[PDB]
Structures are given as structure tokens and as C-alpha cells.
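First, one chain by itself in C-alpha cells, the form deposited in one PDB entry.
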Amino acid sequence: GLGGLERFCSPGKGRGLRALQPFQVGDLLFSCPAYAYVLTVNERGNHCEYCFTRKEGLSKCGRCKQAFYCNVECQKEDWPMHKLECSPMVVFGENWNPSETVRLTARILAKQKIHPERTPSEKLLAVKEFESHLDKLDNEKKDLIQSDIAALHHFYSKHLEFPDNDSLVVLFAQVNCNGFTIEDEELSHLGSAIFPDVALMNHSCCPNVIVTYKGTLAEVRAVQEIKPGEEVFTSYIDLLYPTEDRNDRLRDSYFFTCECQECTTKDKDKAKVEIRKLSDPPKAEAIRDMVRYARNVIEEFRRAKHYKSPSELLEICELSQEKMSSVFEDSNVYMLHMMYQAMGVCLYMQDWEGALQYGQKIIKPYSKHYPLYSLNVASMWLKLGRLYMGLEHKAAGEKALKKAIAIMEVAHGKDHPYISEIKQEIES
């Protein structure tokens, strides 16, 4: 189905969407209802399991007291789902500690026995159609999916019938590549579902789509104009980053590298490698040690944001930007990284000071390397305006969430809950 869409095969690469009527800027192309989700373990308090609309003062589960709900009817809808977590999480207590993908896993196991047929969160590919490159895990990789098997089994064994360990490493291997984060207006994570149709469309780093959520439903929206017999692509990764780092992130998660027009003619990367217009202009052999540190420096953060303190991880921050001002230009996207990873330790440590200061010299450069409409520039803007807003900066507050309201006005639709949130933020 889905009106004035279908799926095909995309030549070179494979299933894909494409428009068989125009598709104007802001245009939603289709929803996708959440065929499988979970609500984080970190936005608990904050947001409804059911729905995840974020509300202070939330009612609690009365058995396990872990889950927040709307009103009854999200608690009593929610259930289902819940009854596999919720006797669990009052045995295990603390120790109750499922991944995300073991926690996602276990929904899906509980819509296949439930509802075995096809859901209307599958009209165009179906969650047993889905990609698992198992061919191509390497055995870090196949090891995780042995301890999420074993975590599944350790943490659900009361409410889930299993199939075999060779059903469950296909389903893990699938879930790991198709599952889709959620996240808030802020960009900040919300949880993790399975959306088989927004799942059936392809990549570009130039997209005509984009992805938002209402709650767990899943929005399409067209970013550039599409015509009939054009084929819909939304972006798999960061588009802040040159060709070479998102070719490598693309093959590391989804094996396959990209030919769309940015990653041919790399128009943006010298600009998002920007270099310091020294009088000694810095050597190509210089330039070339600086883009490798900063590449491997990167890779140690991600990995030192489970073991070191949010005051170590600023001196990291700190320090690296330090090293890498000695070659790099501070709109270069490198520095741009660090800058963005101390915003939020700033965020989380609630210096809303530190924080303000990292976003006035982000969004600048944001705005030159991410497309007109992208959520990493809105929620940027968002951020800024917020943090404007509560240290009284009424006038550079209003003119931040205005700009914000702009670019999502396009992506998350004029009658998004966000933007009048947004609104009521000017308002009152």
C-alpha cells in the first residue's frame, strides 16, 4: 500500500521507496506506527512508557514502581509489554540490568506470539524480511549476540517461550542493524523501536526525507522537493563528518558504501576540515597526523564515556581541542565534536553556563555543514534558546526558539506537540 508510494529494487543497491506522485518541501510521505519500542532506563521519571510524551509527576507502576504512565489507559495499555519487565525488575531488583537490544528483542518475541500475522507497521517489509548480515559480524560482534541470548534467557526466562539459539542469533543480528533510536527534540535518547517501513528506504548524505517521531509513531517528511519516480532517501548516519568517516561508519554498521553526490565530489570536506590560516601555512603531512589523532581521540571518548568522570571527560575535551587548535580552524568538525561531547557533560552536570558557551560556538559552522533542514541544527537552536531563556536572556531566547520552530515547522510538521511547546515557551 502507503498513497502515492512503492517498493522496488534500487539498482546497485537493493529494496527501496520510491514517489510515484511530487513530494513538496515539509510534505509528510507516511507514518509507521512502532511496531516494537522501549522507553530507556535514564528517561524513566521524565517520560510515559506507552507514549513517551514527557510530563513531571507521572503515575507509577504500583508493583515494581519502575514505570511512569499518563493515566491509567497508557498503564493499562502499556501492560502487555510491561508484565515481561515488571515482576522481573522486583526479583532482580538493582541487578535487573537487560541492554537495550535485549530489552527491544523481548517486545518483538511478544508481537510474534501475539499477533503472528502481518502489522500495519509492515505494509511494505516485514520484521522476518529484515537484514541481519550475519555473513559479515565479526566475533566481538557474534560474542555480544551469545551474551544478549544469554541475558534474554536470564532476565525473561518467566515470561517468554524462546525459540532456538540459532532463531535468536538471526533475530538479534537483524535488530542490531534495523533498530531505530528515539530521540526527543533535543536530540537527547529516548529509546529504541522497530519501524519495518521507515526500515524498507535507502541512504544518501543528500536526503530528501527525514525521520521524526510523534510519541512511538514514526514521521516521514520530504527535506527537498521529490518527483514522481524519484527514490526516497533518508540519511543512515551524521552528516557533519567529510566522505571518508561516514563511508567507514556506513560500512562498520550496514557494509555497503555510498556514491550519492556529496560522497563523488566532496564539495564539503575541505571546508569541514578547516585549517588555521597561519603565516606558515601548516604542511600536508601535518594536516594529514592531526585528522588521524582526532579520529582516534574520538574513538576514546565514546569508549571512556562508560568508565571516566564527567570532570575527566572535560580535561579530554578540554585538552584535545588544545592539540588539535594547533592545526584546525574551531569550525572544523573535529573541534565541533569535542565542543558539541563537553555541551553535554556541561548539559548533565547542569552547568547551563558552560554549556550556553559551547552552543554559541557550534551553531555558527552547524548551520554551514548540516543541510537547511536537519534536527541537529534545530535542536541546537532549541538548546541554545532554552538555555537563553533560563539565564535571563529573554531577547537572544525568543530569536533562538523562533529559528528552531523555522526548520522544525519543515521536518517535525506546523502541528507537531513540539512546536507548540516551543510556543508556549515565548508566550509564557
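Numbering follows the first chain given and starts at 1. Each form is matched to the other, and the largest set of C-alpha atoms that superpose within 1.5 Å is called the rigid core. First, how it differs from the form deposited in another entry.
Core-superposed comparison between these two forms: the C-alpha position of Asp138 differs by no less than 2 Å.
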Second form
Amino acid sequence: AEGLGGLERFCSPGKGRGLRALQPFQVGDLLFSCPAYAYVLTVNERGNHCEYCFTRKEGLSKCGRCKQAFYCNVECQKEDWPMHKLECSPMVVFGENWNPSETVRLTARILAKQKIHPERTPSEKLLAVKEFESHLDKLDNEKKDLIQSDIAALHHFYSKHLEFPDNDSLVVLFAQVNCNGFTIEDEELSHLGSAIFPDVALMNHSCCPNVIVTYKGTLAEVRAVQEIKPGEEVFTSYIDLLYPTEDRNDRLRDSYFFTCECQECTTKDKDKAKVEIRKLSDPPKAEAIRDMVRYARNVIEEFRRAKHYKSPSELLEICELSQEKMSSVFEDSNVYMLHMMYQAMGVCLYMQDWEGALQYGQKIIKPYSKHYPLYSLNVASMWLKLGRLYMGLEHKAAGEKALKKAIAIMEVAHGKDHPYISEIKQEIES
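Would you mind generating the form deposited in another entry now that we have the form deposited in one PDB entry?
One chain, no partners, no other molecules: that is all that follows.
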């Protein structure tokens, strides 16, 4: 017997434990699948996806008590009950007062699952939750305060249905969730929820990954995006690959406590073009460029916070403004320009300004194809969105071309029989 066919767990030098291929895998080949050990649908998607299986279907039947959880049918409603029961009564009890973070919501479920199924599940053939790395020793004061705030939230919102271990076990658990947790994104990379996929969590990070993680409802799937030879280590990406090496590494050091040493981080080849400066008479002095990089990266965070307090028109003004100031130094193909154009596109999509979003997207797509890997969902989702926009605006030729560009990547990443693919082909035939 073998826990996962054609693969094995091993000690990756300088990267703790990892996943190794035992046999060859080719582009689009499925390495393995992993059912979710625990998962939670994001609040915003309630009524759009089944709480149990995540099927996106219309006329889902709601729960009689909380009227917040929606399901395919009674079987899905009943199957989900051991988990839903942790929130059902509380969302009624705490009204709008019920605002647990997503992570806290996930951790409650993990605690629940540990209680119901203490033995290894089918989602833990190579790596078990109890084995998750935590980096407790590297956690600073602030991160620790944040974890205690999360623990406090967990007690506040979950105490009657879930028994808790001592404080240190919770610190460890939240710390493991932080460096082994996943987000589930749909075909457009829209946030659906958070989950734990233990065998998937075994794979180490690279900025030029050879596999892609996708989801089929709540089932995690791992497919090759490059050739994988026997004995080779299997690498996925934990983060958005668009940003320059320093940014990626600031995030990886910040969230996962390591500095990536992959080829892209060593050579930094994509960095010149990611940070493209525009060719002028002067040209821009180095100091000014370093200054624009600090400004851009500052505006990224300002923008990220402002989504919470600003109106769409204002966020748009931030984007137009920022792009204008940065365009003095930066070329349009530069990733910091693109981040803002992308955000602006998102605002346009929110204000239902399809034409504006399409105008941003057409401008975003090409530089994206350069900055991201050959098969990237970030690119595929963009082609898909562009395609659906064309299709919705009755421009069928461009719609078909964009949908075909999205499909070509998605067949590799999701597999030819994935329901999203059938959906997109079914969108073209109309």
C-alpha cells in the first residue's frame, strides 16, 4: 500500500518537509486530489454556493433556523449540520454583533473535526494537521497579539459547542492555520472561502511552480503546469506572482517565515520588466525610481485599507491619481500601474460600468501574460473575465477568442472534464 501514488513525503534541505515525485508527470497531469479536512464558505457568497459542497446553483433551499446557510437539498443540509451547528444558533443569538474573522471560523471547524474524527482522515495520507508547521519560535509580539485576538474571538463566538485546549495549543493551532491554510477561489479568482488541505499543505513554495492547486467544490486538486521528472520536488505558489522579487519575499518572510531561493528570486529576470520605467529624454534618476517604488508600494496598502472606508468614485479617483503620478516615472506595463488598473477595473465591475472595466482589462491582459507563468489562473481568469465581458456586450468574436485563451490554460490547470470548462464551452455555443 501507498498513501499517495507516484509521490512521497521527504525532507527537503533548507525547506523542512516536502513532496517529491516518484514517477514522471506531464503538463496537465493530475498528481493527486485531497478532500477538505475543514472548510468555510465566505459570508458574501452565502446563497450563491452550497455550504456543504460549494455547488453554485440557483434556488438553493435555506436553513429554517438561521436563514443564512443555503443548500442544494436536505442531504447537503444534514451532512453539513455538525459544522453549521457551530454558527447556526449564534448568528441568531448574536445578531449583526456576529462578526468572527474567517480564520476564526475555520479554526472552530478544525477544532470540531478534531473532536469528531481524531484518527487520520483521507485528507491526511502524507501529512496530518497535528504535524503542521507553526513557526511559534519566530512569531513576534504583534503577530502574537493578533493570534490572541483571534483566540479571544473564538472563545467569544464559539464557546458553547466546542471544548477548548489550553491557550498554547490554540496559539499553535492558529499559527499552523496561518502557514498551512488555503483560500478557495472560483474560476475568476473571486474569494469563496477558506480551507485546510493537509496533503496539499505538504508542498513547498516556488515563484516558478510546477503544479497548480485548483478546486472542485471542496475537493482540492493538484495538476502539473510544467514537466515533472521522477525525484523532482513538487512546488506550488502560496502567493500572487505578479509582484517583484522583493515584494514577494517581503510577503513570504512576513507570512511564512522564509525567503524564497527559486530561480526567479535568484536571477530576478522578470523584475526589470515588472518594474519597467518609461524611456524618456532625461531619464529618471535612480533615487526618484526608488522613491516611486516606495510610493507605489505605499499606495498599495493605502488602497487596500481604503476599500473599507471609501466610496467607489473615490477609490477610482485614488487609482486615476496614483496612475497619473506614477506615469511620470513608470511605463504602463509596470506592475504597480497594473495593480491600480486592475483595482480600477474591479471598481468599474462593481459600479456595473462594463465598458470601463473592459477598457481596463484590455489594457491589463498583455502585460499580465508576460509577468505571470505560462499557465496561470491569474491570466486565465483575466481572459475569462474579458471574454464574459465581450460576450455580455454582444462582441462574440473577441468573446470567443478570449474564452479560448482562458480555456487553453484552464484545461491544463483544472483538467478537461472540470465543470467550469464545460460551462465556458457552453457559453461559446450561445
